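*Asks:* Single-letter residue listing:
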Amino acid sequence: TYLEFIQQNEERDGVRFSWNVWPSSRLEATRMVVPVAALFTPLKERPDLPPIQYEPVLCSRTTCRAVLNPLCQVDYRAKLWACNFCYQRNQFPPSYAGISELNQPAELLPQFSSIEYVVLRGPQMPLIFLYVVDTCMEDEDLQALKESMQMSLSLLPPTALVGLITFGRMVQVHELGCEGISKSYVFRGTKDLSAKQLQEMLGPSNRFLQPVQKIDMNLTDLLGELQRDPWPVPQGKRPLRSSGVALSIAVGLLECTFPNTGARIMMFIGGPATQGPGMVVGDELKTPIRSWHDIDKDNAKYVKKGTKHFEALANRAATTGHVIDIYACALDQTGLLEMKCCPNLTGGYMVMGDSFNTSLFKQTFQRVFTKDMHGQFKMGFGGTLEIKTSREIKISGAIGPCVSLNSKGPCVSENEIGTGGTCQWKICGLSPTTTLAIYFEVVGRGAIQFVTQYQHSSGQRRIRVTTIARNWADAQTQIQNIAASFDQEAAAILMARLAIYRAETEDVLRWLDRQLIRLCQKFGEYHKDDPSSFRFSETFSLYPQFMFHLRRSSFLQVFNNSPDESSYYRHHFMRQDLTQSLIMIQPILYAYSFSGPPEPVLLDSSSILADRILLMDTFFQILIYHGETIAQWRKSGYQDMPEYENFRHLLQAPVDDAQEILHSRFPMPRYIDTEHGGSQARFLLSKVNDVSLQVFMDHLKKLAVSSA
Amino acid sequence: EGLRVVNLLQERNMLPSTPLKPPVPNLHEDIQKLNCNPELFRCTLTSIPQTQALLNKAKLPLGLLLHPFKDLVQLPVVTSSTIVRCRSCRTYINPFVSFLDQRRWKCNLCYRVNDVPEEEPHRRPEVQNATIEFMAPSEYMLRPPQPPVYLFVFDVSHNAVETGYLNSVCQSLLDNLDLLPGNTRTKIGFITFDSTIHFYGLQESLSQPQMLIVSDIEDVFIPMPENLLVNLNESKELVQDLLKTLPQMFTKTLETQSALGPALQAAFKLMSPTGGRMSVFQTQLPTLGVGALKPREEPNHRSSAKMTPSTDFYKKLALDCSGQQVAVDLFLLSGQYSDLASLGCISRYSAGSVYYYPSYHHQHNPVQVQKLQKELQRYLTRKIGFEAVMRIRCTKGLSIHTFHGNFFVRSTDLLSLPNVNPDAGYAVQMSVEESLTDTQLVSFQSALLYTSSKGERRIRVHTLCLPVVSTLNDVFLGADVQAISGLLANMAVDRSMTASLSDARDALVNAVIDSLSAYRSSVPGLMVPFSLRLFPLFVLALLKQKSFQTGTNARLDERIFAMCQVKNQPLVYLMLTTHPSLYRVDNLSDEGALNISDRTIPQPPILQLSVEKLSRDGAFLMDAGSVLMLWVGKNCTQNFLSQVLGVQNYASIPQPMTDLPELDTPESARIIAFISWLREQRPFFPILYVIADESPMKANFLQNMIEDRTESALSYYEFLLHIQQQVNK
Amino acid sequence: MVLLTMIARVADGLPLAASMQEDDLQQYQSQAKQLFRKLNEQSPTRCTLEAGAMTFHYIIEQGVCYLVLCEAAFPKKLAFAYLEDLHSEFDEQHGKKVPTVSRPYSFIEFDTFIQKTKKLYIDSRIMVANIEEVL
Amino acid sequence: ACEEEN
Ligand SMILES: [Zn+2]
Ligand SMILES: [Zn+2]
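Residue numbers (the deposited numbering), protein chains in the order written: chain A, 3 to 205, 225 to 464, 475 to 537, 541 to 723, 746 to 764; chain B, 346 to 464, 476 to 662, 666 to 882, 888 to 1093; chain C, 1 to 23, 29 to 130, 148 to 157; chain D, 27 to 32.
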C-alpha cells in the first residue's frame, strides 16, 4: 500500500516527503509544483532500538565521509564495502574484521536504517540550567513561579549545574551558597554589557553555576525567599522591568563560562520589558502595548528596535550553542513578538498563559522535565544536523528550529529556502518531537542521509543516523508514478511552512493560491472550461480543503489576534511533526449523543447539532460544546437523577476523552466548557464551516479548467 | 607674677614644675570673672594692639584658638521664646554688653544700641554666662532636624584582611551599639569594598543579610531604595548579626586592589538624602577606579627639605558631602605609604577627622590595636552635632582673615561643619583693619548652630572680652606663648603646603627672632619678657616634632598625619604632643593632691625634655597626651620592679608591656593613683606602655627630649645660641 | 505622586512633624510654611491648592494642620486618606500635649510613623483654589 | 545665615 508505505517510513525513519518518488529528469524537476521536501524529526521514539556503542564507521573519501548504511554494497569476502554516495570502496576497520554474512553489523540491516551510535571517548560535561526570574508581578503569581522553580530543581540531575538571576529595576546575578550571608551582583537594567565586560566585572562549576547535588538546598531556600522587586510602582505606571538586559546578562554569563555545551537559559516573565535595550513599551499605563492594528499604521516605536535586540541575542546564544526558554504569563501582552527569535533560533521553548498561578502553567512547566524509561530528560543539546545526498540532489534550505553553520559543498543549491546555503545546521535544543522541514532540489533510487550529533541529557555524546532511499521516476511512466507517491498531508504542511516563513519575514495567499491552481492542472482530471468535470485522485482530494483552512487560519490571518498570540501560534507550528500540524491547520472534531458512540464529524455549521456534544481539538484548545437541548437537559439537572445514568456517560464522554490527550500534548492546550449561547462558543464557530469551502472549491474549479 | 626681663642663656631651667596656666586678660575684676573659659576660647595676645602698626612692631601673630563643642560640666540652656540679638551685626546679647537706659543695650561688637524687648534685665542668664546654649527657633533651620545616620565603610582587600582590624572595629560597634548618640530616629548602614562596592540590606523578613554588589566602577548607583540604611532601634538584632559575620566573610580573599574612590562615591549617594556621619576605614594605597593614587618612595634621613595632594578628587568629593551635611572620618591602618597627603582631604573639607594607625596588625602590633580600641571607644560614644555651622564675630576694627580647621568656609566665616565633634579644635588669624582708638575693649563671639542627636536645633555661643593696649611692652606683657606657638604651627602647616617644609621651618625660626629682636630695640645675653621665656623652647620642639622635623627617617604618611593633628587639635593636646610632660615616677610621695577624699594622688614635678634629667637609677613617665610612655632605667631599684612592675629583675620586664599590673603594694597604689588622675584629665583614654626599656627598640621615647642635640638638629642651648646671634646681628 | 509632609499647630504655624527625602524642596517648603502662618480659626477645614505641576492637600483638626505636597496627578482621593491616617495617630499619641509645647518640631520621632505610612500610599500595588491666591 | 538671620 502507498499509505502503509508513508506510515511505516515515518514510524521508522521519522521523516515524510511531499513526494516519495522523485523526478528522474530535468524537464520534470524544474516543473515540480510542490517542491521535493521532507518533514524530518531527528529524535522520534520507537520500539527500543539497540544503541550502538561503536565507532559509526565512515567512508574514507575526504569529501564524502558518509556513514555506513544498509544501502552500502558489501563484500564479506573482500572485507570491503562500497559507499553508495561516491562509490568509493572502503576497507573495514580492525573491529569489523570479525564480521561474517551470518552475523553482520546492524547498520546494514534495512530495519536499522535510522540508528543511533554512542561516542564514549571524552569525559561528559554537565547539564546547565539557568533560571532567569522577573520579580515585577502580583504576589500570588510570584509565589507560584517560586513553587514551580523549586520543584523543577528536584528533578534536575545531581551533576547538572544551576544558576539564578532575578530582576526588575535591576539585574541580580546571585552567587550561590556563599554561607551565612547570601550575595548577588546588581546591575543597572539601563545598559547592555558585552560578555567580556560581564566577565571582567564578575571575575567543574562556577560561583554562579554550581552542582545541584551540592547547591540544591541553598537555591531552594533562596527561591523560597525571593520577593517582589523592591522598587515602588507609582500610580498610572508599569513596573520598570529590564527583561532586555536580564537576558543579555544571562546570555553573556554562560557565553564566557561554558561556551559550546549543553545549557538552558529559562526566562520567566510576568509582564513586558519596559526599560530598553529590548524595551517593548513605556511605563505609561494610559498607553497600550502595540497591537497588530497599531503596527500596520506605524504606531509602534519600540517593536523594530526592541526586536533587533533579542534577535542579535538569539544569534549569540545559538552561536555559542545555548538554549533559551521564554516563559510568559501576564494578563496583558508580554512582548513575545520581539523575543520570538530567541526560543525560535535555538531549541528554546515558548510557553504563554495568563498567570503563573494556574494549573495550565504549573503542569506545562513540569512537562519540560518529563523523563524516559531511564529517568532522564527528553531533551538534547547542541545538535548538529548534516544532510548528505546523491550527486543528483541538492539542498535548498530548512524551515524549523535551527541555525546555519554556513558550511558549503556540492549539496548546496543556488535556490536557498529558509535557513539555507548549507548542508549543516546547529540545533541547540531538541526533543523527540522536534521537526524540521528540509527542502531538496534535483539538478533507480536516490538517497539522503541525516546525521544528527547531539548531547544527551545523560551527558553521553550521540549520533543519530537515518539514511533513506526513494525511487527514481521511470521515464516511460514519469508523471504517473510521481503523482501516486504524493503525500497531500505532508505537502500541505511543507507548503504551509513555506508560506508562514514568508509572512513572518514579509500577498502570500496569492502564492498559496497560484500553486493550488497549478497542482490541480497537472494532476487533476477535467475537460477544459468545464468546471463540473474536475475531480482529484483519492491521492489529492484533501489537499484543496487543507489549503482552504491554512489560508483562513490565524497563522496567516494575524488580525483578530494579539501580535504575541500570533507569534506563539506560529512558533509551535514550525516545530511540530506532521500529525500535530494537521490538527493545528484543521482542528479535528467529535460528536456525542445517545444515537451511537463518539464519531468524528466535519468542521461545519451543519455539524453543530442541538442534541449533540462536540469536542473540537485545536492543537492549542480542547473545547467541549453543548448544544441548546443538551445544555437544557443539563441546566435542568436531569444528570443527578439515577433515572438518567445514561445522560452522564454522555455528559462526561467528551470530558473523559479530553483528559487523555489533555496531558500527552506539550503546551497543555487550554480547556473550554461552553454551550449554545455561552460567550466562549465563539471559538467553535470561527474554526468551523473567500467565504465557505463550498464556494472556495467552486472558484478554484472555475480556474482549474480555464487558462494555464 | 612679674614684669621681669630674663636672660635665657643663664637660666636654662625656666620651665616650671607645675602645669602652665593660661594668662589672665588684664581686665576689671568683674569682667574677667564672667570671661569665657580659656579652654574653650583664647587669644594669642590677651592684650590687643590698638593699631596694626603696633601689632606688627611686636612681630607676634594675632589670632584665636577655640574648642567650642568641647565637653562641659555645667551648661546653661536658654529656651527663650525669642533670642535677643543686635539688629545690626546679629551678635548674641552677651555678658559684655553695655546697659544704659536699662531698656536699651549697646552692642559690644558694632556699638549700635538695641531696644530690650519686654521679655533687672542684666540679671538674665544670657548676660551672666559667657558660655551658653540657645534653643534655635523655626527660622534657624532649612529643613526638619535630620536624624542620626551612621554609615561605616570598610575596605576588605587582602592586605586589609591581613591586618585584621575589621574584627575589633566590629566588636566595638557591637559593645557600643546601644551607646550611639541618637533617639529612635537613628539610622545605620554598611558597605565593604575591594575591587567592587559591597552594599548590605537588612530586612526582618529575610533569614540573613544581603550583600548587594556594584561592579560598574565608573558608574555607581544604589541597588535598593529601602533597607540599606536601616533603623537601628527596630533592626537591632539584624545589625548585631551582620557585625558578628562580616569579619568572617573575607578570610581567604585574593583581592589586592582597592577602589576607594567609587566606594566613597557610592558611600556618598547613599547618604546624600539625609546627610550623616561616614566612618571610613582604609589600609593601603588606592589603586582602582577614580581616586587612584600612584605609589611613592619614602624619604630617609638623608634627603633634604624638597606634602601636597597628588590629585584633587578627594577634595572635590568632600565639598559634595559637605553640601549634603555628610562628613567623612578617615581611619587609616596602612602598613605602607598610602598618600594621606591626599587622602586626608576627604576629612579636611567635610569637617571630619582622620585617625592614623601605622602598621596596624592584630598580632604584630599589640599597641596600635589597643590605641584603636580606645580611640574608637571615644569616637563611638561621644556627643555629636548634625548639619551644623559656626560663625565667629569680633569687635569692629578687628578682622578674621584666615581659618584653621576641618571645615568649609562658605561666604567669609560661615564655616560649614557637616559634623561637629567635642574633640575638634580650631584657630583663626586676625588683623587690625581699623584702629582701636575708639574703644578700650574688644570681644569675640562664636555661635555653633546645630542639630542634636536628639533632633533638637541648638546654638552654642561663647563670648570673650579683652583689653586694648597701645604700647609694645603691653602687647608683650599679656602674650600667651602656648597659643602663639600653636597658632604658628597651623600657619606653618599651611606655609608648607603653600610653599615648602623649608620655608615652613624658617618662618617658625623667624617668629622667635623677629620677636625678641623687636623686644630688644625696645629695652649681653638673650633678654626676653617673662612671658616669652618659653617661646624659643616651644618653637624648637615645634621644629623637632614629626610635622616639621627634617634630619629624621620620618615617613611621608606620618608627617602628613602630624600636620593633620596640628590643624584639627585643641591647643592643649597640641602642647602635650609637641612638648610631652616628663615626670620621674619610681619615687612618688605625699605632697600629692591627697584632697580627693580617699585617694591621695602624687604631684611629682615636671622635668624639662632632656636625657640630662633621666637616671639609670630609676623610671620616668612621659605624658604625650595621647599615650603615656614609662621609660625604665637599667640600674633601677629592686623595689620598683617587684612592688610596682611585678617582676624580679630588669631583664624579665615583658617586651611589649601594654599596662602596669594592679598589685597590692603602696608603690603600686601611688603610680596607678598618679596615672589614673592623668587620664581623668581627658576624654581620649591614653594608653600607657613601659616597653620603653633601654633596649626594646621602641625607644622613640628619646625622640621627645627636644632639648638635646642630634646629628641632624640643634640642642636648646645651640638654638638659644643661634637666636641670640640673629637677634643682635 | 511623590512627597513632602508637614504637621503644624495652626495658631503660630509652629512646625510639629515633617518628613522629606529628595535623592526643589526649597521653594515648596516655604509655601508650606506660608500657608501655615496664614491659616487661622476661619480657614477651610479641608482644602486642595493648585500650584502648577504640584498640588497641596491639607486638613485641620484640633488646631493641628496636616499638610501634604505631591504631583497634581496624584490621586486627590488618596492624598486625603493619607492625612486622615496621620491625624488619627497623631491625636491619639500627642494630641493632648500639642497646646503646651514651644520648641520647633517637638515631635520629630513622629518621623517614623510618617515614613512607614507614606509608602503604603506611594505604591499602586473640600475646596479647590490656586495656592498663588491664598498666599 | 541661620545664625545672622539677617
Ligand atoms: Zn563516500
Ligand atoms: Zn551689633
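Take these hints with a grain of salt, some might be off.
[As the list claims (entries may be wrong)] Listed below are several chain A residues computed to face chain B (Cβ distance under 8 Å; list not exhaustive):
| id | residue |
| --- | --- |
| 1 | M172 |
| 2 | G179 |
| 3 | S184 |
| 4 | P255 |
| 5 | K258 |
I should point out that these hints are in silico values taken from the structure, not numbers from a laboratory. Using N, Cα and C, we set each Cβ at its ideal position, and we do this for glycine too.
*Asks:* Take the hints in turn and mark each one as holding or not.
*Replies:* Status of the hints after comparison with the structure:
Look at A/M172: its Cβ gets to within about 6 Å of chain B, closer than 8 Å, so that hint holds up. Hint status for A/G179: violated, given a least beta-carbon distance of 12 Å to chain B, over 8 Å. Restraint check, A/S184 versus chain B: the minimum CB separation of about 6 Å is within 8 Å; hint holds. Below 8 Å, beta-carbon pairs count as interface contacts, and A/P255 has none with chain B, the closest being about 12 Å; its hint is therefore violated.
Interface restraint check for A/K258: the shortest CB-CB distance to chain B comes to about 15 Å, outside 8 Å, so the restraint is violated.
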